[PDB]
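Visitor: Single-letter residue listing:
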Amino acid sequence: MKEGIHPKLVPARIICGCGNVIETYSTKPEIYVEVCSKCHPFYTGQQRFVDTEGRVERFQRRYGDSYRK
Amino acid sequence: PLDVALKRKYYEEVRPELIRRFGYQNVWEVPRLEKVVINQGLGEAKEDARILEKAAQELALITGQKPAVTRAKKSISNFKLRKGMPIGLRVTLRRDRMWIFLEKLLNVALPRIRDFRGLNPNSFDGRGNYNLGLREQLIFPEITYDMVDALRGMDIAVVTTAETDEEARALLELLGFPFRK
Amino acid sequence: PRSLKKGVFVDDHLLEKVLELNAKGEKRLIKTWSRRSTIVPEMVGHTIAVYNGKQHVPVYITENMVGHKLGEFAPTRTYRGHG
Amino acid sequence: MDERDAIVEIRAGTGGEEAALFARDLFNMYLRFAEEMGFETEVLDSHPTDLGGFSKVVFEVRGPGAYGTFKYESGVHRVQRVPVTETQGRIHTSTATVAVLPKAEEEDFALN
Amino acid sequence: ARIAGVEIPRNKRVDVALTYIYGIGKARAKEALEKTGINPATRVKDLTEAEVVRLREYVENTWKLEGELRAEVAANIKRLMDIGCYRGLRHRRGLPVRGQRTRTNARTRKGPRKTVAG
Amino acid sequence: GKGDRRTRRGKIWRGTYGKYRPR
RNA sequence: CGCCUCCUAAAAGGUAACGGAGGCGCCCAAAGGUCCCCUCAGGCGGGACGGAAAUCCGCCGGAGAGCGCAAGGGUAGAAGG
RNA sequence: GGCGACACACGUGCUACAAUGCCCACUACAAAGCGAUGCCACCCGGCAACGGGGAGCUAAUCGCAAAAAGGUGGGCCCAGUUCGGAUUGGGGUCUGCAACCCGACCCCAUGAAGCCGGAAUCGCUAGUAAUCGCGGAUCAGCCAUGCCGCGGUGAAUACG
RNA sequence: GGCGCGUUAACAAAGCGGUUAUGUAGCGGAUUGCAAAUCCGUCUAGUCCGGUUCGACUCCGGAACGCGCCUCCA
Ligand SMILES: [Mg+2]
Ligand SMILES: [Mg+2]
Ligand SMILES: [Mg+2]
Ligand SMILES: [Mg+2]
Ligand SMILES: [Mg+2]
Ligand SMILES: [Mg+2]
Ligand SMILES: [Mg+2]
Ligand SMILES: [Mg+2]
Ligand SMILES: [Mg+2]
Ligand SMILES: [Mg+2]
Ligand SMILES: [Mg+2]
Ligand SMILES: [Mg+2]
Ligand SMILES: [Mg+2]
Ligand SMILES: [Mg+2]
Ligand SMILES: [Mg+2]
Ligand SMILES: [Mg+2]
Ligand SMILES: [Mg+2]
Ligand SMILES: [Mg+2]
Ligand SMILES: [Mg+2]
Ligand SMILES: [Mg+2]
Ligand SMILES: [Mg+2]
Ligand SMILES: [Mg+2]
Ligand SMILES: [Mg+2]
Ligand SMILES: [Mg+2]
Ligand SMILES: [Mg+2]
Ligand SMILES: [Mg+2]
Ligand SMILES: [Mg+2]
Ligand SMILES: [Mg+2]
Ligand SMILES: [Mg+2]
Ligand SMILES: [Mg+2]
Ligand SMILES: [Mg+2]
Ligand SMILES: [Mg+2]
Ligand SMILES: [Mg+2]
Ligand SMILES: [Mg+2]
Ligand SMILES: [Mg+2]
Ligand SMILES: [Mg+2]
Ligand SMILES: [Mg+2]
Ligand SMILES: [Mg+2]
Ligand SMILES: [Mg+2]
Ligand SMILES: [Mg+2]
Ligand SMILES: [Mg+2]
Ligand SMILES: [Mg+2]
Ligand SMILES: [Mg+2]
Ligand SMILES: [Mg+2]
Ligand SMILES: [Mg+2]
Ligand SMILES: [Mg+2]
Ligand SMILES: [Mg+2]
Ligand SMILES: [Mg+2]
Ligand SMILES: [Mg+2]
Ligand SMILES: [Mg+2]
Ligand SMILES: [Mg+2]
Ligand SMILES: [Mg+2]
Ligand SMILES: [Mg+2]
Ligand SMILES: [Mg+2]
Ligand SMILES: [Mg+2]
Ligand SMILES: [Mg+2]
Ligand SMILES: [Mg+2]
Ligand SMILES: [Mg+2]
Ligand SMILES: [Mg+2]
Ligand SMILES: [Zn+2]
Numbered sequence: 001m002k003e004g005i006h007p008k009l010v011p012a013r014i015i016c017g018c019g020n021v022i023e024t025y026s027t028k029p030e031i032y033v034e035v036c037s038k039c040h041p042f043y044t045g046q047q048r049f050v051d052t053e054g055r056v057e058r059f060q061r062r063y064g065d066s067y068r069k
Numbered sequence: 002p003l004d005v006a007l008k009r010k011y012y013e014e015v016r017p018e019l020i021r022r023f024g025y026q027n028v029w030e031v032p033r034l035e036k037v038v039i040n041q042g043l044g045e046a047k048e049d050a051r052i053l054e055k056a057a058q059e060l061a062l063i064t065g066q067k068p069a070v071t072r073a074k075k076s077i078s079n080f081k082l083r084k085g086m087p088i089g090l091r092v093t094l095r096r097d098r099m100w101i102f103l104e105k106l107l108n109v110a111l112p113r114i115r116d117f118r119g120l121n122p123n124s125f126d127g128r129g130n131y132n133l134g135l136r137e138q139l140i141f142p143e144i145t146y147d148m149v150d151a152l153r154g155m156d157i158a159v160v161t162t163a164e165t166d167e168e169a170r171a172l173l174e175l176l177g178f179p180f181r182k
Numbered sequence: 002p003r004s005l006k007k008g009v010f011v012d013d014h015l016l017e018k019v020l021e022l023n024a025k026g027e028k029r030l031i032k033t034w035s036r037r038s039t040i041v042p043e044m045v046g047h048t049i050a051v052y053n054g055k056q057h058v059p060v061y062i063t064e065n066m067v068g069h070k071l072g073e074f075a076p077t078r079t080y081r082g083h084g
Numbered sequence: 102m103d104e105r106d107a108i109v110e111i112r113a114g115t116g117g118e119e120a121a122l123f124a125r126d127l128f129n130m131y132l133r134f135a136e137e138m139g140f141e142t143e144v145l146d147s148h149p150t151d152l153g154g155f156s157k158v159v160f161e162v163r164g165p166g167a168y169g170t171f172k173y174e175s176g177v178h179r180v181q182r183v184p185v186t187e188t189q190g191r192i193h194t195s196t197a198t199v200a201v202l203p204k205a206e207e208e209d210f211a212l213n
Numbered sequence: 002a003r004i005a006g007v008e009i010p011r012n013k014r015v016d017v018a019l020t021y022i023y024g025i026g027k028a029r030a031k032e033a034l035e036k037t038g039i040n041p042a043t044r045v046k047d048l049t050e051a052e053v054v055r056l057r058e059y060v061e062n063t064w065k066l067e068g069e070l071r072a073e074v075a076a077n078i079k080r081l082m083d084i085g086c087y088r089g090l091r092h093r094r095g096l097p098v099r100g101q102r103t104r105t106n107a108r109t110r111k112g113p114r115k116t117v118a119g
Numbered sequence: 002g003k004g005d006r007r008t009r010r011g012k013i014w015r016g017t018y019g020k021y022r023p024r
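Chains as they are written, first to last, in the deposited numbering: chain 14, 1 to 69; chain 1G, 2 to 182; chain 1s, 2 to 84; chain 1w, 102 to 213; chain 1m, 2 to 119; chain 1u, 2 to 24.
Since the hints were made in silico from the structure, they are not lab data.
Capping the alpha-carbon separation at 20 Å, the derived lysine to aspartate or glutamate pairs in EDC-like fashion look like this:
| hint | chain 1 | residue 1 | chain 2 | residue 2 |
| --- | --- | --- | --- | --- |
| 1 | 1s | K18 | 14 | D65 |
| 2 | 14 | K38 | 1G | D116 |
| 3 | 1s | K7 | 14 | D65 |
| 4 | 14 | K69 | 1s | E27 |
| 5 | 1G | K10 | 14 | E23 |
| 6 | 14 | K28 | 1G | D4 |
| 7 | 14 | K28 | 1G | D147 |
| 8 | 1m | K13 | 1G | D147 |
| 9 | 1G | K47 | 1G | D150 |
Facing chain 1m, according to a computed beta carbon distance under 7 Å, are these residues of chain 1s, among others:
| hint | residue |
| --- | --- |
| 10 | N65 |
| 11 | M66 |
| 12 | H69 |
| 13 | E73 |
| 14 | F74 |
C-beta atoms are modelled at their ideal positions from N, C-alpha and C, and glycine is treated no differently.
Model the full structure from these sequences, guided by the hints.
Guide: Structure, rendered in structure tokens:
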């Protein structure tokens, strides 16, 4: 590469708030992230968040059935 | 020629799975990563400013490589654009720089995408290359909200030696590309 | 909404029809005036002709519209627009 | 005849400012009748008053059967009411005039 | 993109800054701080990442938020529109949905006035 | 203001009670 | 009304008509010399904003692009960048 | 079923646009009315609307009751905000046979327009204007921000 | 027929290679018992066909239509 024009790359440590640590290279030797590959919902299998729904709507109300036959 | 964690994984983990999955007979038949070409199709910096110099400053902090200008092939009245204007930055990443970049793109950058529900399964070249587009540059770790001043996305081209889409799809997914559908 | 402590309201001269139908091998067209009745899973598949003050609107009943009333789907004002 | 498109010429008769106002009533009566007939209406000549009516309006009735129906409206139409231009609450007998004519051709003229 | 993908304002309090996320009012502001023992009156400029990552972990895990809430409600109106409910009808045409009068006001939902001739 | 039902003043204005104005 | 290009012009040159069509009366301090490097238009697919068309990737593409301006000739094994 | 519609246009109002304000907590001072399928003390469950209980009163006795601005203390720090509360989503309460059209209220989420308003235009001369809350009639509930009331705090200016 | 000039919105009429003409009217509001007058606001565009140019209402060429001038001696 040309001298004088490029940001030098140093070995970097990138820490995610889930304690995950990733040995890489970067312009900064230490960056802290809030998400990563190890704790992302789409990554951690399904890790279906609060949307474990079933919907549950709406016939799955069943809130009743008391009405006569 | 340094060790990159994702680079090992390609040789150690990805190469044999690909051979096992497609049955190549030659060590060079198996797909490889050729290059990653990152283009910011800015064009706001037509007559508004040399805003490029800030985008190059950040595209260089993201990839360690100083980008290079792109100029308008022709003039376009609607685009408020005259032939030759600086309308974008392109940086070509190869070898270790290419590996180091994807290693952070897949692990920490694609996760930071807001409402990220996987990469598009259809964005494949038809001939074994892949292209994704980003909406903003804070997704990358080296860029923060303080030193930023404008939302500029990009187009990312990953070029592979695979002749078919299926071969390329296997290569990326084995590397760690989270495909949606 | 109608109080939860009360029973989820159906006019029952119309639920009777759907369940008598479910026995004898439905489904014909059931003309009703009870827009006020909530829809129940006993009517999915059936087609009820909900009056709108003038005419009977056939309405097929599907599962994405159970909790709703039968009159929501037989509207009463023809608008088209202005100009 | 009966099947061709028709033209209606509404003129104000004896009545003055209120004749023109009644003419505006007959004008709305036929545009709204036309809609309840599927007939298509377009204005060809209008002459409004500031009080809201017209001293004269001409409009076509584009519809297969316009002359067959509108042709009965030709003649003098008499209104008796307490006009909005009246200030002593009196009843004034005023007139508007309706002319109904089949839409003429435009046939080009060349020499034999 | 600090917490739940949205950088929250500093030099303010934590309970007021949490409101600045789509999906949190004064209530869930008050909640997530007590239920995580984080002083509701601290300047956001003065929070160690302990409080930050603890608070964010609670807030993201507890409530359906930002894009999730937006996409969820987006399916909601869509569903009423699909079936043909009256509320779905009045979401197609962009009119009131909760039964207001329309002869006059409704301008928040019917946008700026479109003065016609008359 | 007196229109924000989510406050004591709003509950006063509507004369109703709740969390933000309890009796 | 002088000058340029094509045709008329009858396969060397030349060749007329108040014959058919167009253009010039500039320009460039690089749009000049040399050395070195590079190759188009267009078509399909792919890609945030971004569209028919801005920039990026791939494949096909011998020249249909380009060459300040008319037309003709010439031309990437460069006269084009 | 409609009277409740909605390209628009006018009247009458409410709520605002903020710091002489907003918020929370605690602490005051009214008057006039209403009330036995009624007013509901108090208690418990419920974040709440409320529900289950449950005294007292045919009522200067019992209840509706909190009066509100006010006061003390802390907070917000001049930003479409701890201004504003419209819109919409979801979850509930009650009345009534029945709340789709089309009820009110509660909770969570959403937090629109609006930065004091063009030409123009209304009210008011003293306990008046402004501001502040309270009660009735009609009434199952309520679309009341309406009406008729009731007291609290309380000016400016009138040369002519 | 020749030569010259032009075609713009509801009408009249301009500038301009990129861009709210303008007057009156029309439309919404104010004022007025009402209408005018007046006041606050507001709005609809380049004849057709083909070129040039990054871009044409604007430049070039032509067509249609309108106007002005000429058509004389043989
Ligand atoms: Mg092998
Ligand atoms: Mg390196
Ligand atoms: Mg595909
Ligand atoms: Mg390939
Ligand atoms: Mg970052
Ligand atoms: Mg008179
Ligand atoms: Mg919020
Ligand atoms: Mg309402
Ligand atoms: Mg000579
Ligand atoms: Mg010469
Ligand atoms: Mg020759
Ligand atoms: Mg020749
Ligand atoms: Mg020869
Ligand atoms: Mg011969
Ligand atoms: Mg010779
Ligand atoms: Mg010649
Ligand atoms: Mg000769
Ligand atoms: Mg010669
Ligand atoms: Mg020529
Ligand atoms: Mg010439
Ligand atoms: Mg040259
Ligand atoms: Mg040259
Ligand atoms: Mg040179
Ligand atoms: Mg191309
Ligand atoms: Mg393409
Ligand atoms: Mg493209
Ligand atoms: Mg050529
Ligand atoms: Mg050129
Ligand atoms: Mg030329
Ligand atoms: Mg009525
Ligand atoms: Mg309505
Ligand atoms: Mg108005
Ligand atoms: Mg009101
Ligand atoms: Mg008003
Ligand atoms: Mg009462
Ligand atoms: Mg705001
Ligand atoms: Mg604003
Ligand atoms: Mg508020
Ligand atoms: Mg709701
Ligand atoms: Mg209702
Ligand atoms: Mg706010
Ligand atoms: Mg302010
Ligand atoms: Mg007096
Ligand atoms: Mg107040
Ligand atoms: Mg009251
Ligand atoms: Mg009542
Ligand atoms: Mg002109
Ligand atoms: Mg004209
Ligand atoms: Mg002029
Ligand atoms: Mg001129
Ligand atoms: Mg004008
Ligand atoms: Mg006017
Ligand atoms: Mg007037
Ligand atoms: Mg053009
Ligand atoms: Mg053109
Ligand atoms: Mg133009
Ligand atoms: Mg033109
Ligand atoms: Mg021309
Ligand atoms: Mg002579
Ligand atoms: Zn992580």
